[PDB]
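A.B. asks: Here is how the chains run, residue by residue.
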Amino acid sequence: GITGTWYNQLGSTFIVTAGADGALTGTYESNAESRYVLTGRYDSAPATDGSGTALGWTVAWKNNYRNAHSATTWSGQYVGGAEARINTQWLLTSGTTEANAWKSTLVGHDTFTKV
Amino acid sequence: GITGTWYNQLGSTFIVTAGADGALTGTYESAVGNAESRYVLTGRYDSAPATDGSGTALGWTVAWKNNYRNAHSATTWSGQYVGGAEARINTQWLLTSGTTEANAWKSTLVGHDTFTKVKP
Amino acid sequence: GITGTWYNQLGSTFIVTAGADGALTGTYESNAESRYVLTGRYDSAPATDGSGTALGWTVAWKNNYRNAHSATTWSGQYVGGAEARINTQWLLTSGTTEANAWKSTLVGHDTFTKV
Amino acid sequence: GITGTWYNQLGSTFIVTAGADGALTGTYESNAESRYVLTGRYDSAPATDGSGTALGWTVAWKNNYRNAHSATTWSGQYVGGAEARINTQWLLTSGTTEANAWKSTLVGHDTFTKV
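Protein chains in written order, with the authors' numbering: chain B, 16 to 45, 49 to 133; chain A, 16 to 135; chain D, 16 to 45, 49 to 133; chain C, 16 to 45, 49 to 133.
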């Protein structure tokens with residue numbers, strides 16, 4: 016259910032492959051200058067009680083064309099069915115001086131669908 | 016650099032290699048939770064940081080499944096590496112477990128971890 | 016506009032009053051047994067550029083009938099519009115021993131409406 | 016144990032009174051130009067088994083002198099003993115337009131002591 020293309024409400028698109036040994040690999044896009055590498059892990063043997071599938075991934079916003087000196091991690095779960103969804107919470111950290119560290123990390127949430 | 020052996024305040028061990036391409040790969044060995052032995056990790060970092068004395072942004076994930084156990088959960092650390100006399104990595108983390116829908120409101124824990132190359 | 020009766024996605028109900036110099040007061044519910055006191059603050063003089071109104075509140079989960087030994091804080095903003103709404107992120111801390119402190123705090127998000 | 020003056024490691028002070036009813040009230044000193055009102059709640063009947071006492075508070079960053087159009091909430095626990103402390107996680111939310119609501123909320127942590 017996870018392998019494929021997922022869309023968020025803000026435009027963003029991501030293409031993942033879920034490997035047989037819990038690897039997640041792919042790209043995150045919004049054109050070439052907006053494409054970034056992703057890598058992650060997921061539970062390759064979830065429960066059967068109807069629970070969701072735990073997963074996580076990271077993006078560092080540096081590519082061949084620009085560098086924001088920042089990285090985002092998403093933590094969440096995959097819910098299959100007709101309205102398959104991935105529900106997440108995320109953290110985005112910027113590199114800062116020690117003086118500015120207190121304001122280095124944003125938090126939020128995202129929901130991704132297959133359509 | 017980031018490449019090396021790291022320890023957190025709880026005696027957890029993080030062995031990591033930083034690739035020239037911004038890739039992070041390694042093994043995590045925990046001190047707390049449903050955990051035994053090493054788990055695989057993967058992440059990304061900024062391979063061309065600011066020169067201004069800023070930190071190096073980075074992040075990684077562990078899914079808590081190995082050949083010994085499975086806790087149906089994953090943790091993501093997001094933070095920065097600061098070099099210097101005392102090198103450390105400062106992170107915030109999120110831990111999400113699989114849950115039914117009725118219980119998803121309590122599926123995520125939040126916390127912070129500090130890693131150093133010296134074991135406490 | 017902030018004064019009134021609000022509802023979240025899960026069926027919970029919160030009645031508040033916004034005071035003249037930024038005080039928030041009221042009760043949260045989900049039967050008297052499930053009724054709890056809330057207190058907080060808001061920006062009593064927001065910007066005029068279209069920005070929302072920042073606020074926060076706290077509830078400790080103890081009343082005359084029940085005590086979970088825990089507390090939640092909500093941090094967010096009020097937005098006036100077609101549907102006035104308050105979007106929040108929240109933190110819930112449980113009293114734990116020091117060995118269990120690493121797992122004492124949950125994070126989530128909630129959206130309230132007058133409907 | 017909670018009533019009193021508390022310090023963090025970045026030059027911030029707060030003075031709090033803990034009421035019999037579970038009320039927290041006081042002032043947060045980030049010069050009167052820098053003093054802001056605080057309000058919160060705490061568990062007025064904790065466990066005696068070594069657990070900390072759950073609590074939370076809010077400061078909206080407006081006083082009679084300045085206004086940052088934002089609010090911080092602290093969620094954590096009080097731990098007594100010779101080295102008493104209050105361990106917290108916080109969220110700071112700023113007023114933003116809808117277009118910038120993804121970047122409205124910062125997350126962090128802080129530890130307060132009696133000295």
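FYI, nobody ran anything at the bench for these hints, they're computed from the structure.
A few of these clues could be false.
[What the hints assert, rightly or not] Now the in silico label distances, taken between C-beta atoms and shown as ranges:
1) C:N49 - B:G68: 40 to 50 Å
2) C:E101 - B:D36: 18 to 28 Å
3) A:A38 - C:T28: 19 to 29 Å
4) B:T131 - A:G48: 25 to 35 Å
5) A:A63 - B:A117: 39 to 49 Å
6) C:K132 - D:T20: 17 to 27 Å
7) B:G19 - C:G16: 48 to 58 Å
8) A:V47 - B:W120: 40 to 50 Å
9) D:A63 - C:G68: 36 to 46 Å
10) B:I17 - D:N23: 48 to 58 Å
11) B:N81 - C:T40: 21 to 31 Å
12) B:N82 - A:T66: 42 to 52 Å
13) B:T20 - A:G48: 26 to 36 Å
14) A:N81 - B:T66: 36 to 46 Å
[Claimed, not checked] Under the rule of at most 25 Å between Cα atoms (straight-line distance), these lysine to any residue pairs were calculated in the SDA-like manner:
15) C:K121 - B:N81
16) B:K132 - C:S27
17) C:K121 - B:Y54
18) D:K121 - A:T32
19) A:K121 - B:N81
20) A:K121 - B:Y54
21) A:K121 - D:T32
22) D:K121 - A:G98
23) B:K132 - B:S27
24) A:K132 - B:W120
25) C:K121 - C:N49
26) B:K121 - C:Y22
27) C:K132 - D:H127
28) B:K121 - C:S27
29) B:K121 - C:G16
30) A:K121 - D:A65
31) A:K132 - A:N85
32) C:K121 - C:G16
33) D:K121 - A:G37
34) A:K134 - A:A46
35) D:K121 - A:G16
36) C:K132 - A:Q24
[Unchecked claim] Examples of chain C residues lying across from chain B (beta carbon under 8 Å, computed):
37) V55
38) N82
39) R84
40) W120
We put the CB at the ideal spot given by N, CA and C, even for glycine.
A.B. asks: Does each hint fit the structure? Answer for all of them.
C.D. replies: Against the structure, the hints come out as follows:
Take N49 (chain C) and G68 (chain B): their Cβ atoms lie about 57 Å apart, and the range 40 to 50 Å is violated. Taking the beta carbon of each, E101 (chain C) and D36 (chain B) are about 45 Å apart, not inside 18 to 28 Å as hinted. Remark: the range hint 19 to 29 Å for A38 (chain A) to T28 (chain C) is contradicted by a beta-carbon distance near 45 Å. Judged by the Cβ atoms, the range 25 to 35 Å given for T131 (chain B) and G48 (chain A) holds: they are separated by roughly 31 Å.
As the Cβ distance of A63 (chain A) to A117 (chain B) is approximately 22 Å, the hint placing it in 39 to 49 Å is violated. Roughly 41 Å separates the CB atoms of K132 (chain C) and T20 (chain D), a value that falls outside the hinted 17 to 27 Å. Take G19 (chain B) and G16 (chain C): their Cβ atoms lie about 54 Å apart, and the range 48 to 58 Å holds. For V47 (chain A) and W120 (chain B), the Cβ-Cβ distance of about 26 Å falls outside the hinted range of 40 to 50 Å, so the restraint is violated.
Taking 36 to 46 Å as the suggested C-beta distance range, the pair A63 (chain D) and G68 (chain C) conforms, at roughly 45 Å. Here the CB-CB span from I17 (chain B) to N23 (chain D) is close to 29 Å, at odds with the stated 48 to 58 Å. Between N81 (chain B) and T40 (chain C) the CB atoms are about 51 Å apart, so this pair departs from the stated range of 21 to 31 Å. Between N82 (chain B) and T66 (chain A) the C-beta distance comes to about 20 Å, which lies outside the given range of 42 to 52 Å.
Separation of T20 (chain B) from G48 (chain A) is about 34 Å and conforms to the stated range, judged on CB atoms against 26 to 36 Å. Evaluation of the 36 to 46 Å hint for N81 (chain A) and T66 (chain B) yields a failure: the beta carbon distance comes to about 20 Å. Between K121 (chain C) and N81 (chain B) the CA atoms are separated by roughly 22 Å; this keeps the pair inside 25 Å, and the hint holds. Distance restraint check for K132 (chain B) and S27 (chain C): the Cα-Cα separation of roughly 47 Å exceeds the 25 Å cut-off, and the hinted pair is therefore not satisfied.
Annotation: proposed proximity of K121 (chain C) to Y54 (chain B) holds, straight-line Cα distance about 20 Å (limit 25 Å). For a cut-off of 25 Å, the pair hint linking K121 (chain D) to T32 (chain A) is broken: about 28 Å separates their Cα positions. Taking the CA atoms of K121 (chain A) and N81 (chain B), the gap is near 36 Å; set against the 25 Å cutoff, the hint is violated. In summary, the hint linking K121 (chain A) to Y54 (chain B) is not supported, as the alpha carbons are separated by about 31 Å, beyond the 25 Å threshold.
Between the alpha carbons of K121 (chain A) and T32 (chain D) the distance comes to roughly 28 Å, so the proposed pair goes past 25 Å and is violated. The hinted pair formed by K121 (chain D) and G98 (chain A) fails the criterion: a straight-line CA distance of about 29 Å is larger than 25 Å. The suggested pairing of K132 (chain B) with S27 (chain B) holds, with an alpha-carbon distance near 12 Å, which does not exceed 25 Å. The straight-line distance between the Cα atoms of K132 (chain A) and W120 (chain B) is roughly 23 Å, inside the 25 Å bound, and the hint therefore holds.
Between the alpha carbons of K121 (chain C) and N49 (chain C) the distance comes to roughly 30 Å, so the proposed pair goes past 25 Å and is violated. For the given pair, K121 (chain B) sits about 19 Å from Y22 (chain C) by alpha-carbon distance, which is consistent with the 25 Å threshold. The suggested pairing of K132 (chain C) with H127 (chain D) is violated, with an alpha-carbon distance near 32 Å, which exceeds 25 Å. For the given pair, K121 (chain B) sits about 16 Å from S27 (chain C) by alpha-carbon distance, which is consistent with the 25 Å threshold.
For a cut-off of 25 Å, the pair hint linking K121 (chain B) to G16 (chain C) is broken: about 30 Å separates their Cα positions. At roughly 35 Å between alpha-carbon atoms, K121 (chain A) and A65 (chain D) are farther apart than 25 Å, so this suggested pair is violated. With a C-alpha separation of about 28 Å, the suggested pairing of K132 (chain A) with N85 (chain A) is violated against the 25 Å cut-off. Restraint check for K121 (chain C) and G16 (chain C): not satisfied, since their Cα atoms lie roughly 37 Å apart, outside the 25 Å limit.
Under the criterion of a C-alpha separation no larger than 25 Å, the hint pairing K121 (chain D) with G37 (chain A) is inconsistent with the structure, at around 31 Å. With a C-alpha separation of about 13 Å, the suggested pair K134 (chain A) and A46 (chain A) falls inside the 25 Å cut-off, and the hint holds. Distance restraint check for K121 (chain D) and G16 (chain A): the Cα-Cα separation of roughly 30 Å exceeds the 25 Å cut-off, and the hinted pair is therefore not satisfied. The hinted pair formed by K132 (chain C) and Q24 (chain A) meets the criterion: a straight-line CA distance of about 23 Å does not exceed 25 Å.
With a least beta-carbon distance of about 21 Å to chain B, the hint placing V55 (chain C) at the interface is violated under the 8 Å criterion. Restraint check, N82 (chain C) versus chain B: the minimum CB separation of about 25 Å is more than 8 Å; hint violated. At about 18 Å, the closest approach between the beta carbon of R84 (chain C) and any beta carbon in chain B exceeds 8 Å, and the interface hint on this residue is violated. Given the 8 Å rule on beta carbons, the hint for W120 (chain C) holds: about 6 Å separates it from the nearest Cβ of chain B.
Hints 1, 2, 3, 5, 6, 8, 10, 11, 12, 14, 16, 18, 19, 20, 21, 22, 25, 27, 29, 30, 31, 32, 33, 35, 37, 38, 39 from the list above are not met by this structure, while the remaining hints are.
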